[PDB]
Amino acid sequence: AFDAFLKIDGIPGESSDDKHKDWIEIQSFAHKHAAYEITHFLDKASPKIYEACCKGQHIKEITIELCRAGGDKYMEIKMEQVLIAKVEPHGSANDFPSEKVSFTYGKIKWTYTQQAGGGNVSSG
Amino acid sequence: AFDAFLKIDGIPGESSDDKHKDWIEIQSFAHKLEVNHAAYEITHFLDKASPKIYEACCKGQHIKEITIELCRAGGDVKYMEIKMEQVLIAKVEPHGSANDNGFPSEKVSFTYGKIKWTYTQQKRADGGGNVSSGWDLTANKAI
Amino acid sequence: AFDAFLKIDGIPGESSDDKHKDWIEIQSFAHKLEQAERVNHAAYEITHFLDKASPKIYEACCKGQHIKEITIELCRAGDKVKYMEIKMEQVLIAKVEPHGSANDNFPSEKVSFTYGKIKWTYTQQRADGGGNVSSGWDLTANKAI
Amino acid sequence: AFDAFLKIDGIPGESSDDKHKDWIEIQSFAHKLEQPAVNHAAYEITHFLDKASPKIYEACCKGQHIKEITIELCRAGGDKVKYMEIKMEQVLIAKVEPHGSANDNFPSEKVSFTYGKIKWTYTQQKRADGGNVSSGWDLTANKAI
Amino acid sequence: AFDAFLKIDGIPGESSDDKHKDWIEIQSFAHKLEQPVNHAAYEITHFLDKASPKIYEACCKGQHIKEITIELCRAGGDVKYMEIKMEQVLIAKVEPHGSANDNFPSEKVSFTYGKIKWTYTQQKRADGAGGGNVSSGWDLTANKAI
Amino acid sequence: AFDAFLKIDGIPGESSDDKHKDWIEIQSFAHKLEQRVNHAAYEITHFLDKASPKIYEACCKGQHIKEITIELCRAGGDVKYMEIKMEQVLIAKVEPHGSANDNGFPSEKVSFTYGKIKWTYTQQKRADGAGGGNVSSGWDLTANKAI
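Order-wise, the sequence lines are chains A, B, E, D, F and C.
Going letter by letter, the first sequence gives residues 2 to 33, 55 to 94, 97 to 119, 122 to 141, 147 to 155 in the deposited numbering.
Going letter by letter, the second sequence gives residues 2 to 35, 53 to 94, 96 to 145, 148 to 164 in the deposited numbering.
Going letter by letter, the third sequence gives residues 2 to 36, 50 to 91, 93 to 120, 122 to 141, 143 to 145, 148 to 164 in the deposited numbering.
Going letter by letter, the fourth sequence gives residues 2 to 38, 53 to 120, 122 to 145, 149 to 164 in the deposited numbering.
Going letter by letter, the fifth sequence gives residues 2 to 37, 53 to 94, 96 to 120, 122 to 164 in the deposited numbering.
Going letter by letter, the sixth sequence gives residues 2 to 36, 52 to 94, 96 to 164 in the deposited numbering.
Treat the hints with care, as some may be off.
To be verified - Label pairs and their calculated CB-CB ranges:
id, chain 1, residue 1, chain 2, residue 2, range
1, B, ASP145, A, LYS33, 35 to 45 Å
2, D, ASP19, A, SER153, 28 to 38 Å
3, C, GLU35, F, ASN118, 38 to 48 Å
The set of hints was computed from the structure by calculation and includes no laboratory data.
Beta carbons are placed, not taken as given, at the ideal position from N, Cα and C, and that holds for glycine.
Sequences and hints are given; from them, build the entire structure.
Pasting the structure below:
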């Protein structure tokens, strides 16, 4: 299972999942110290994502979670003092069109939940 | 993919779609922002608009506004409208190859001055609304 | 999977097409028109199999032979459904690059064309319309045709 | 693929191998030895985000001097048969870099190690028809081991 | 694909083709010429063969070679369709490449010239062999035609 | 895919081949003689083997090595047809690389800075013996002239 979810504070989403309502569904996540990028389909959050990026709106917090279908969370990435740096909508054949949005920050926190036989291992 | 259509104010197309007669049929679109805004790139199979599109770029014709509409399948189900104003055809790159095994296409880029986005939601098995935003790139302060 | 054709004023080819007499059959084409200083018109790249025209095309580039006129046509496979005619004047072969590989099923060359005048002519064909929508540019005179 | 494992003394890992309990799993490595005009590069590995991940992010951002790190490349052959042993002393975790591409199934990262001493303990097989040829280099004194 | 063969003035090959004894068989060629006349290096790829060691020498030794000719053949007959004759030759760069996955290893060698001549032969049709020998040429030395 | 082998004088290998015992089996070779010729280096890639650890010493050692000879083989016997003897060599750059995904048995890319070289082809006849003799050539870049 992949089951990844992103909550952007300012912008609400369109996911209707069990653990993450009005979140945004993310089909790709990537990192680098520089920026954190994701890919998602064109949906509810996209127009308000552009505003923040162009506004260079100091954005407080963004969080990502990676759960599994079995017992519908194994990883949590938390980043503050965020700023959407760049978003790009593509679309050609097969694809639903998608866009890759990239976030910059001055602080970060990451949290793996190892099975608990390991409890919660975190970093920042 | 989807089912997308484009209206250039100055330059009409030749599609026979119902909701969009003589719009331009578009098979690829791409954009990127930062603000270091870029250009909305659209690709269309060589249509009747091509000759005038070429000249409009060369004439630097200020196109007042263009509208791109992406609709879903099982209907046209419009779900996003990109209305860009103060536009200008910047780079038109017509291409065509035998290995393409498709129609001679052509990518046209557009330097805009104002932009708008409009996500139309669906329902809730019974939902949602028209979430929007825009920039005034000519006064780098939102709408 | 298309049907494309090119004619060079001084250099003929070996097409067997009835309407295209002995023109040059092209297997790929490309162009780019960028941009308040001016507009960035690029070269018309045309790939075609090494043919009877190849030797003369080579010399023309090296000599800097200023050709008068060249034309491109695009037809569909009911055949002869011409849909696009590209005519350029005050032309000059800038670059020509032959290649081969003993793998791809025939060795071909790609010829680039710099011109001084251009003309596009789309023709549309269902109820038994559009005619010939057309355009050009006089880029020696920085004004349109 | 292979069966590779890594031990840093200060920070423990979470692997379950028979031969390597609570180690670090390494999915790629890379190193380079260049003789210009001698010059030593720095050691790369990949491992998943796990229990061991945070204590390096300290040594990266903090710069923690560590005693010894060791890599064991093992063959399959049922019981893992270690065929290469890399031992490095006077270590310092250099730049830490996390990457993840959402089609290699959870985030990953590339850690680079600097050292003052290296070791290579190659172990060969012989079936029924084997050897421990090794070497080392202490770059603190730029000499052999 | 195609069936191409290259004979340079001196170094012979190990090819056993009927039409070209001890020639060089070539699997790929490439050339470019651009009026700013800027010419480029004629390039070929061929396997490592009888010619191979004497090729590496003329490059470092700088040995001036009078003439090289290449012929391009279709399959089903080696009806020829192109003759490249180039005079005043010299090996510029040679690169023997060989891998396991990527085949028989090969070497891509690069040529400069002072004169060049092209000779296309048209397929015998019912109208005739046609252009027979359509040609053109250029003496880079005299920066003029041939 | 060929049958390639390398003889390093100092560092032994682990080939199980009958013609080249405890040699270096080679998976890829590369070279580039340009032109005032701009000579390069001989690159070859192979699996990590019994040669691997003593290769790192020879690189770091600045270790001047006298001779390496490498062979290329056909089938119909394991029949050598190219002998490349590089003289006054030196391991300039060696890069062990592992990746798992496409790295079954990791490999290393070792480059060799030679001072002299000697190519030696051996054409094989399709009759009694190996007609073709031993066409050969060579060069010495220390004194920047031929062999």
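Hints versus structure:
1. With their beta carbons about 43 Å apart, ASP145 of chain B and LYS33 of chain A fall inside the hinted range of 35 to 45 Å.
2. Checked against the hint of 28 to 38 Å, the pair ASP19 of chain D and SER153 of chain A passes, with Cβ atoms roughly 30 Å apart.
3. For the pair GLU35 of chain C and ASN118 of chain F, the supplied restraint of 38 to 48 Å is violated, since their beta-carbon distance comes to about 26 Å.
Violated hint for the displayed structure: number 3, the only one.
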